[PDB]
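Quick heads-up: it's one chain on its own, the form deposited without its partner chain, in structure tokens.
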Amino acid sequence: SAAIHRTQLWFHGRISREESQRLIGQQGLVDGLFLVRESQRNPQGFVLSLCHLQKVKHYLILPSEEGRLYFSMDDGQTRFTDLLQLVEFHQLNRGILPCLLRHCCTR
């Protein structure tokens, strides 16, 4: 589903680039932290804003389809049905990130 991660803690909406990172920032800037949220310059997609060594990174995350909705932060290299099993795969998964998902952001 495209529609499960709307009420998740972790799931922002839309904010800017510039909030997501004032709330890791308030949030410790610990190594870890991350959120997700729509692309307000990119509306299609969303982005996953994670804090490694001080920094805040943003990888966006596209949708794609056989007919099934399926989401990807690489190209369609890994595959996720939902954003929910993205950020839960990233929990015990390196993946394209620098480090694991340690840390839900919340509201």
Contents of the next structure:
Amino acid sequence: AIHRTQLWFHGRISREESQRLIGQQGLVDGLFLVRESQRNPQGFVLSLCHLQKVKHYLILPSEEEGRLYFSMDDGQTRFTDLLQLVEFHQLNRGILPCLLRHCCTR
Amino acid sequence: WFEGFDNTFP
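To complete the pair, please output the form solved in complex with its partner chain; the form deposited without its partner chain was given just before.
To see the whole picture, the full complex is given below, headed by that same chain.
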């Protein structure tokens, strides 16, 4: 949707590949991409590098009274789309160990 | 949490 044309979105790639993409870009703190979840069809994964380890955060869709939102914490922090989610965590950590600092591009 | 995943929250 609003995320197809974003440099940090990589669609359907695997966990092993998102790691290899971030690795081939230096394992810098703050490197990230968002991908379609492999296990979960309607879900997404935020893959992020911190302290030279790649971490993976499940993004799940839900509904409040007919309105779709996404969340990484069981609805405790809700976002209308992935861009809102990504933009927020460029400024605020929330449940993440560090900010989304450098977009891992493709 | 989500098994398989790093989400850490109350």
